[PDB]
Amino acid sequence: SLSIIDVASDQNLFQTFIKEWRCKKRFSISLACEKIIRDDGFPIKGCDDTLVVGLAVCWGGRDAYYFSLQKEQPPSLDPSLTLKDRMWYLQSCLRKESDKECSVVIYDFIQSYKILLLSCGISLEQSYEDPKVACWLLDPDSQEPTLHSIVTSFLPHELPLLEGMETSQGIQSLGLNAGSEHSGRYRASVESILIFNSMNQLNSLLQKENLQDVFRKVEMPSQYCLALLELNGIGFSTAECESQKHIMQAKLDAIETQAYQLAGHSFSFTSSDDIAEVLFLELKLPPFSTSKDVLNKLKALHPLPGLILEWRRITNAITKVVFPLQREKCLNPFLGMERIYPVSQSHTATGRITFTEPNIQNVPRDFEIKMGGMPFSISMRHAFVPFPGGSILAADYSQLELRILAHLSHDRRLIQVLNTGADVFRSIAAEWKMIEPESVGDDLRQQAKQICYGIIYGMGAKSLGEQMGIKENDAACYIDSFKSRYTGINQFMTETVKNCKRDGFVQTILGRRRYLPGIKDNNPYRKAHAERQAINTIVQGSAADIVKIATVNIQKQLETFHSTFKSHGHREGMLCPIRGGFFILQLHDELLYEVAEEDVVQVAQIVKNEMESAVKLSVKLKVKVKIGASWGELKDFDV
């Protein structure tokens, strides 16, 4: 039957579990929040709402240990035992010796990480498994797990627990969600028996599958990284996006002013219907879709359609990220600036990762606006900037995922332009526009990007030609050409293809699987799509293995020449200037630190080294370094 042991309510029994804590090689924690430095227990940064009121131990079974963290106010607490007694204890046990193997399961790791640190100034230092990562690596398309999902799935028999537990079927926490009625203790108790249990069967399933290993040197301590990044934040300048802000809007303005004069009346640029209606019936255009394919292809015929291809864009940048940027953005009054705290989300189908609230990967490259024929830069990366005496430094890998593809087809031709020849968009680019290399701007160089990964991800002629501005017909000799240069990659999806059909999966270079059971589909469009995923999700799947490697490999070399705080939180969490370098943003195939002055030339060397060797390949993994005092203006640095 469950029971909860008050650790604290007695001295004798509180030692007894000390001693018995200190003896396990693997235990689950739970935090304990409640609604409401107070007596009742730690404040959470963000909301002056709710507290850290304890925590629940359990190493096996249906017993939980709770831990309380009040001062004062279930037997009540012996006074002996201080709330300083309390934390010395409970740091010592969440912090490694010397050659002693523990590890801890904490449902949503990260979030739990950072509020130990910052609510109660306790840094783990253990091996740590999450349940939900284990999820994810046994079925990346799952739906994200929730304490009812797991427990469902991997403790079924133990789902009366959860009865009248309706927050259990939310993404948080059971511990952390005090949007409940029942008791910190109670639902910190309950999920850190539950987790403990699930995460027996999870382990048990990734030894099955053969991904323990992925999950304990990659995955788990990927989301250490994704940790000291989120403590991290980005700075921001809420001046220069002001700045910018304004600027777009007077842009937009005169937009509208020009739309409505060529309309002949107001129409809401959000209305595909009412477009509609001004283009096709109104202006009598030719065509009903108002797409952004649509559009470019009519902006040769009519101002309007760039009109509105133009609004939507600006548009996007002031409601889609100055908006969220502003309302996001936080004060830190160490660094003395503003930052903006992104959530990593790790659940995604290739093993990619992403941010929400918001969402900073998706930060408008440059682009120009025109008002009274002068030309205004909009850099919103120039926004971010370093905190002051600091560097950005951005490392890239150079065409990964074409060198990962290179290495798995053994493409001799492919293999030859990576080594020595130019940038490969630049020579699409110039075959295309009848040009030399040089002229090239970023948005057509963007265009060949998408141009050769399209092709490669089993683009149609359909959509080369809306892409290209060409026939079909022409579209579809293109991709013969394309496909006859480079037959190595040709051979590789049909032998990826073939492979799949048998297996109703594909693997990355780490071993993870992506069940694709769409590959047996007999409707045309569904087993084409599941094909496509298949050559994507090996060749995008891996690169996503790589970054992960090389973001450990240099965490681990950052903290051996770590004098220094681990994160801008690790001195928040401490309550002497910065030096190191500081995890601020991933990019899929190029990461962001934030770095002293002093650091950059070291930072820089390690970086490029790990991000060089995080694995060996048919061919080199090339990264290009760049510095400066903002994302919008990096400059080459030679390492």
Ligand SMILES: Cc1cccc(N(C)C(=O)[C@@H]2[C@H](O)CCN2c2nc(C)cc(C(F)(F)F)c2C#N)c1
The other form holds:
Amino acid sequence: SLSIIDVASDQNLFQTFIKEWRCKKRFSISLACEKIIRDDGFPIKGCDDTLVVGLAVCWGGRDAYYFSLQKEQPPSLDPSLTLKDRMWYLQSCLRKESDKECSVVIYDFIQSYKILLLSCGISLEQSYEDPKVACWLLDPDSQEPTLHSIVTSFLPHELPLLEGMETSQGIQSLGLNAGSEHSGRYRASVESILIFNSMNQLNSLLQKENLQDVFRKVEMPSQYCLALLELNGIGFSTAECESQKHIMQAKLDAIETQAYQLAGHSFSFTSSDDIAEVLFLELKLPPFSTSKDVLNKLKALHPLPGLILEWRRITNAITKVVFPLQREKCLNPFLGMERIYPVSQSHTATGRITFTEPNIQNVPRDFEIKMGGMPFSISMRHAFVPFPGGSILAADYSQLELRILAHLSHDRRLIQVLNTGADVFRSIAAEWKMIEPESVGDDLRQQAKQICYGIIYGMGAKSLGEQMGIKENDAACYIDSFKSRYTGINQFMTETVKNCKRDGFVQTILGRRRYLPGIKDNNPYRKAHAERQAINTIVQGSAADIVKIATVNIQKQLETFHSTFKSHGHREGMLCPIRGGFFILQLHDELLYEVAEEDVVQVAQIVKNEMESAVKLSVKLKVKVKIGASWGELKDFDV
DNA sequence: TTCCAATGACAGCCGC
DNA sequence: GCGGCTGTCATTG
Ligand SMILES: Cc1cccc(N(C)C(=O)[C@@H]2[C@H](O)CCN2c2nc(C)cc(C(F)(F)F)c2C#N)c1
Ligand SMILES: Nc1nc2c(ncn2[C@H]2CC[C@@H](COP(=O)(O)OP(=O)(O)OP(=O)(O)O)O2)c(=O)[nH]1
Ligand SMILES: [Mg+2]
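Could you drop in the structure for the form solved in complex with the named molecule? We only have the form solved without the named molecule so far.
Following is the full complex, with the preceding chain placed first.
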């Protein structure tokens, strides 16, 4: 039967609860947030509307222990239990002793870790288990889990507990979601019971699939590193952004006025229909699609397609990068600067990490605008700055996916190239554009990068032709030459497709499985798509495993040499200059840290050493470190 | 429908 | 009319 024990209603019940809690090796917690220093709970950073009023603990059955964090105002509070006394006993039960294996189960661990630190001044110090991450680990292509989907799949007999609790079908924790008519006490108590029991079932399934070691040693520690990143945020300068915006907007104005004179009338740059009417009906250019690929061919024949492409590039930087950054910026009064607080997203097909609100991974590379034949550099990344005195440190793996592919295919030709061979992208660009390596621009090297990974991951002659600007036949010859020169790779492609067809899945270097039932499909497209996913998932997923291990191992090292706070949040939630390195961004094969001037040499050594040691392959994991006053102005730094 | 992975703005359409 | 859905366009790795 569902029972909620209000432990703070009676001194005697409270101590019995505290004694039992202190001996538990496993329990769930769920935070109780409701809509409105206050007597009735702890304000949440970023929401003037909602309070943490308590939390619920579960360690078996359908008993929730509700632990109130209200000074005044379920039976009422025993007044001998001061809030200060409760906060003591709370911090005591949520922090590890020496040689004590202790696991806390939290739905949306990251959001809960942050609220406990910033709102209640409590830093969790135990092993963490998030059922959302366990779901992902069992099927990475599953829809993002909700409490409702977890209970549906893993605890279906308890679905009645969720009847009339419609917010259980949203992504946000039932306890944290104060946009309900149900009390935080009831919501957190139900969640605590559903999550504890759900996690027992998820742990049995992880053990059956042999993913429990991955879950405890890589994925949950990776979530802890991402919690520190989300507490840290990334520094942002508005002055740099505005000055770039003004140059961009001037170019957009000139492009529009010239486009409209060539067209003969106004047209919307955002309507494919309008652009198609102008290009194909009203100018009779040869084709109706208005894609990048189409306009890229046609720019050789008339100026308007090129103007369209530049309009979309610059409009993208203004409306999808500047507008959201200058809206999501937040004053940090301790560091004395604006920062952006993006949200990590780990539920991906291959185990990459991405970001939302906003997605800082998508901030444009440097690009050039010409006006009156004078070039202006647009560096959106230059707006992302360290705290005063600090530096940005970036460490990137050199061709990690190629090194992993070499290791798994034992391809002797690819190993030679990686051992000595110059930049492969520059080599391809040179051969293609009839030049020696040195002339390649950034844009052209990116085109060659797309060609090289494209071919490796099963790009066809029609598409390679559009990209290289050559006939399908010439592209098909290029594909054959690749396959002939690197026969190891081609054997590994056929051996991976054969093994996928048999098993219904592929596995990464750490044992994670992706299910590709399209592999058996009779439809030629769906079959070929699955075969391409099979090959790409093993290499891209393996790379994502290595970067996670690197991230986790760097964080351990930083915290040993840590005579200082493990995140900027740990100073906010505390209430003496900044020392150490702060994880600020992940870019798939690249880690960014914000580092105090004094510590950049030591942090650069730790980061490089730990990234190069993450795993042992047939080939060396090469790491380049760069350093600078912004993400946009990073310079090579020999470590 | 023929590189893979990702987020997100933005016209435009359709059952409610 | 209105929110959901669905391409389509962009960008990054
Ligand atoms: C101009 C052009 C276009 C398209 C293809 C190729 N071919 C068949 C290659 O061989 C090219 C260059 O001749 C040497 C690098 N290179 C590589 N290409 C691929 C696809 C792949 C690789 C790699 F996997 F080995 F890295 C290399 C290299 N090295 C060439
Ligand atoms: N399938 C595919 N994977 C890509 C593509 N671009 C990048 N990736 C994957 C493979 C490389 C990895 C990291 O991308 P980078 O741009 O850093 O590539 P890199 O090979 O490391 O180049 P660089 O030397 O500039 O760091 O992401 C692409 O167009 N297709
Ligand atoms: Mg790289």
